[PDB]
Amino acid sequence: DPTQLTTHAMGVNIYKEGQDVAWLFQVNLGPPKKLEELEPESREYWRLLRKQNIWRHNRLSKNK
Amino acid sequence: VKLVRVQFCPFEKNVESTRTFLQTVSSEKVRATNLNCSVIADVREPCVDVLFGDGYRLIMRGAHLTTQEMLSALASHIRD
Amino acid sequence: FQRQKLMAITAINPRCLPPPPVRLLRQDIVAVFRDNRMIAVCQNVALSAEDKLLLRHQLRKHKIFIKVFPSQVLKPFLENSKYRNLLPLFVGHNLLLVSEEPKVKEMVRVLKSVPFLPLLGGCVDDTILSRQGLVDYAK
Amino acid sequence: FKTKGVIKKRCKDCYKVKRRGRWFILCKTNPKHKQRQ
Amino acid sequence: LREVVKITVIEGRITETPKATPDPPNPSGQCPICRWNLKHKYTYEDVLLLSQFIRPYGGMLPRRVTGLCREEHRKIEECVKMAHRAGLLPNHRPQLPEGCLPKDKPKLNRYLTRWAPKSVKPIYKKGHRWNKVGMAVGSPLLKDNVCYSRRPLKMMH
Amino acid sequence: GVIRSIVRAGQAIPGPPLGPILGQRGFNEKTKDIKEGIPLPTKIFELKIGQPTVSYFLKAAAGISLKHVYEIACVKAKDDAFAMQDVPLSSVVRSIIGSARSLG
RNA sequence: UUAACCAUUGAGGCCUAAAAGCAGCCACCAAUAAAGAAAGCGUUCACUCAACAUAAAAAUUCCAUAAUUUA
Ligand code: FES
Ligand SMILES: [Zn+2]
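Top line first, the protein sequences correspond to chains A, B, C, D, E and F. Heads up: the first sequence runs through residues 61 to 82, 92 to 133, numbered per full-length UniProt numbering. Heads up: the second sequence runs through residues 13 to 56, 61 to 96, numbered per full-length UniProt numbering. Heads up: the third sequence runs through residues 42 to 51, 59 to 69, 79 to 196, numbered per full-length UniProt numbering. In this text, residue positions in the fourth sequence follow full-length UniProt numbering: the first is 65, and each later residue adds one. Heads up: the fifth sequence runs through residues 35 to 41, 47 to 196, numbered per full-length UniProt numbering. Heads up: the sixth sequence runs through residues 18 to 43, 53 to 71, 79 to 97, 113 to 152, numbered per full-length UniProt numbering.
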């Protein structure tokens with residue numbers, strides 16, 4: 061039941077000694102950040118910019 | 013190689029070559045490869065002493081010895 | 042043949065000549090020094106990536122971090138800072154055992170978890186000292 | 065030792081040599097890759 | 035100079056090395072050769088100059104240690120080969136591994152030898168006057184050297 | 018030699034996963059402590082108790113919310129071998145979010 | 001003009017018990033200084049390149065002889 065998931069915390073208790081009894094909520098919920106989403110001056114933007122550079126090489130690498 | 017002893021003095025002047033040589037000895041994979049040797053690290061010019069089962073004891077000081085010479089010396093000695 | 046004849050008819061090397069004549082990382086080195094009271098310099102033992110993580114993660118459970126920076130960019134601040142005797146230490150691959158409490162004895166104990174890894178020295182409670190001194194203070 | 069106009073490496077381990085006035089690529093892993101100009 | 039002495048205990052000991060002559064004629068010379076104004080004035084027969092860059096057994100020294108620029112690292116290397124083949128470096132012979140004796144064949148006097156004698160095939164068909172095939176003498180790398188003749192040196196004889 | 022072979026707690030037999038590595042080269055703890063019927067990573071070398086895989090947990094939630117996504121993240125940092133010791137929660141929540149999006 | 005260097009989980013789910021960077025198919029992400037649900041590989045699931053870090057880069061028989069520097 062989707063409602064049961066919200067009402068009762070399945071994650072907190074997963075031991076046989078229980079039955080899923082019931092900044093944390095401020096984290097990003099959005100989709101994967103693309104180069105446009107990332108802030109140009111943020112480390113993530115430059116970090117994921119390298120990933121895009123890695124993307125092109127990997128696609129060429131896959132073809133061989 | 014029955015035992016390998018490496019001693020170097022951080023407080024006193026210490027040559028880089030022996031330290032770079034020591035960390036190679038201080039490696040899990042290297043330790044497994046040379047299973048026979050009992051690796052002991054001494055910290056207090062630097063002197064490296066390695067003992068062999070046949071009784072040959074080789075003392076290597078890093079004062080003016082480059083890392084290649086130590087590694088080459090060990091490799092040749094291991095071959096016997 | 043004259044046609045070919047016409048066609049043929051129609059000072060200092062730049063080598064010897066004299067040749068004409079990190080900031081983000083700088084903050085990171087400053088940040089670790091400001092955040093962590095004690096910085097212990099230990100040689101990077103080239104441990105396996107999986108084994109390297111668990112040591113950092115295990116220390117993370119103890120709220121102890123591991124910090125590493127290139128030596129050449131680390132020279133300037135170490136030259137002018139409370140920690141000045143670590144410059145010869147910071148040669149080659151290296152790691153920093155940085156925490157918020159003076160767990161010098163436990164730092165060696167965690168270092169003793171892998172016997173091959175030695176300790177070169179560092180500072181505890183903002184006091185720069187060598188390993189021989191650190192052991193005495195650890196007692 | 066096929067004699068070809070152009071010598072081209074066939075593997076990473078392949079290396080180049082200049083023996084007796086000609087160019088040779090010899091591969092330790094695979095003797096097939098051995099060639100001559 | 036650090037050299038290894040063996041006894047087993049083997050120790051490498053640093054010894055004093057000869058110092059370079061001060062006051063080069065050309066100050067601030069980027070490349071050691073140019074420093075001494077010998078950029079385009081040395082040839083194969085200049086044993087004294089070449090000897091300063093050669094290992095005791097006749098091998099070439101690394102560029103870094105010597106400090107020569109690549110342009111003069113290849114020319115110097117080329118001249119050294121010519122000197123060895125001409126028997127101008129009798130005291131830098133190869134190290135005999137196990138007391139092996141030389142080939143014992145008499146040595147033919149040669150100079151200005153571009154290629155190794157073993158790797159050169161004979162030219163059986165000489166060719167006619169117009170098409171005549173040429174025999175290499177000297178090396179092209181020394182094109183820029185000063186010439187004291189009316190016309191440029193003939194590389195191919 | 019580290020072997021990453023595991024079966025569901027409810028299942029009491031090694032099954033195909035375990036055997037091949039031993040041939041190539043040459053669990054009760056889970057059944058009791060943690061809820062049964064859910065897969066969990068292990069690092070047999079030395080079987081170690083491990084927390085259930087989130088992805089199947091996400092599928093279990095999907096039968097194939114934000115509070116549920118967060119709830120699992122808070123208690124997730126309960127293992128050492130797993131390497132799931134990232135104190136900053138952003139790592140865990142973003143990781144499960146990236147897994148939730150990819151899974152159907 | 002070519003180099004040895006390092007290589008991080010929530011097992012992403014999916015028809016293939018179940019698919020970890022991955023047989024496979026759809027998504028293809030999360031943290032990280034810095035990593036492609038990866039380049040190959042590994043793997044019925046579960047060695048390493050790219051990143052980071054990186055010392056460098058055609059038929060009888062060849063056919064003048066010879067010669068590198070004197071203005
Ligand atoms: S001789 Fe001057 S640039 Fe080398
Ligand atoms: Zn090959």
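Hints are supplied without guarantee of correctness; some may be wrong.
For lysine-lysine, the following DSSO-like pairs were computed, each having C-alpha atoms within a straight-line distance of at most 30 Å [what the hints assert, rightly or not]:
hint : chain 1 : residue 1 : chain 2 : residue 2
1    : D       : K76       : A       : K131
2    : F       : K69       : C       : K109
3    : F       : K58       : A       : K103
4    : C       : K109      : C       : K196
5    : C       : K139      : B       : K25
6    : F       : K126      : A       : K102
7    : B       : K25       : E       : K40
8    : E       : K120      : E       : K165
9    : E       : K171      : E       : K142
10   : C       : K160      : C       : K139
11   : E       : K40       : E       : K80
12   : C       : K120      : F       : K92
13   : C       : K124      : F       : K69
14   : D       : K82       : E       : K146
15   : A       : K120      : C       : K162
16   : E       : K146      : E       : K160
17   : E       : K193      : E       : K164
18   : D       : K72       : D       : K82
19   : E       : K142      : E       : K157
20   : A       : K133      : D       : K92
21   : A       : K133      : D       : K66
22   : E       : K165      : D       : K98
23   : E       : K160      : D       : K73
24   : A       : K103      : F       : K69
25   : C       : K169      : C       : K196
26   : F       : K58       : F       : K69
27   : E       : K171      : D       : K68
28   : C       : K124      : F       : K115
29   : F       : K126      : C       : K109
30   : D       : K96       : D       : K68
31   : D       : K96       : E       : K120
32   : C       : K120      : F       : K126
33   : E       : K164      : E       : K182
Some chain E residues well away from chain D (every beta-carbon gap over 10 Å; in silico) [said to hold, decoys possible]:
hint : residue
34   : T47
35   : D62
36   : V86
37   : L88
38   : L100
39   : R109
40   : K157
If you are wondering where the hints come from, they were derived from the structure by calculation, not from laboratory data. The beta-carbon is built from N, C-alpha and C at its ideal position, and this holds for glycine as well.
Structure-based check of each hint:
1. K76/D <-> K131/A: holds, 17 Å
2. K69/F <-> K109/C: holds, 17 Å
3. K58/F <-> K103/A: violated, 44 Å
4. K109/C <-> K196/C: holds, 28 Å
5. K139/C <-> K25/B: holds, 21 Å
6. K126/F <-> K102/A: holds, 29 Å
7. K25/B <-> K40/E: holds, 25 Å
8. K120/E <-> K165/E: With Cα atoms ~27 Å apart, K120/E and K165/E stay inside 30 Å; holds.
9. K171/E <-> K142/E: violated, 35 Å
10. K160/C <-> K139/C: OK: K160/C and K139/C at ~20 Å, within 30 Å.
11. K40/E <-> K80/E: Roughly 44 Å separates the two Cα atoms, so the pair is violated.
12. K120/C <-> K92/F: Given pair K120/C, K92/F is violated - Cα atoms ~33 Å apart, limit 30 Å.
13. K124/C <-> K69/F: The given pair, whose Cα atoms are some 28 Å apart, holds under the 30 Å limit.
14. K82/D <-> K146/E: Status holds; Cα separation ~25 Å.
15. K120/A <-> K162/C: violated, 42 Å
16. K146/E <-> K160/E: holds, 18 Å
17. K193/E <-> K164/E: holds, 22 Å
18. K72/D <-> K82/D: At roughly 14 Å apart (the allowed maximum being 30 Å), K82/D and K72/D satisfy the hint.
19. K142/E <-> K157/E: The given pair, whose Cα atoms are some 14 Å apart, holds under the 30 Å limit.
20. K133/A <-> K92/D: Holds, because 23 Å separates the two Cα atoms, which is no more than 30 Å.
21. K133/A <-> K66/D: holds, 26 Å
22. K165/E <-> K98/D: violated, 33 Å
23. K160/E <-> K73/D: With Cα atoms ~27 Å apart, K160/E and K73/D stay inside 30 Å; holds.
24. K103/A <-> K69/F: Distance ~35 Å between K103/A and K69/F Cα, so the pair is violated.
25. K169/C <-> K196/C: holds, 16 Å
26. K58/F <-> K69/F: holds, 18 Å
27. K171/E <-> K68/D: Given that 30 Å is the threshold and the Cα spacing comes to 27 Å, the pair holds.
28. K124/C <-> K115/F: Not OK: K124/C and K115/F at ~34 Å, beyond 30 Å, violated.
29. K126/F <-> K109/C: Between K126/F and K109/C the Cα gap is close to 19 Å, so the pair holds against 30 Å.
30. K96/D <-> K68/D: holds, 14 Å
31. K96/D <-> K120/E: violated, 34 Å
32. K120/C <-> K126/F: holds, 15 Å
33. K164/E <-> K182/E: Holds: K164/E and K182/E sit about 29 Å apart, inside 30 Å.
34. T47: holds, 33 Å
35. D62: Correct as stated: the minimum Cβ-Cβ distance to chain D is 42 Å, above 10 Å.
36. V86: holds, 26 Å
37. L88: holds, 27 Å
38. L100: holds, 21 Å
39. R109: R109/E clear of chain D: closest Cβ-Cβ about 19 Å, beyond 10 Å.
40. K157: violated, 7 Å
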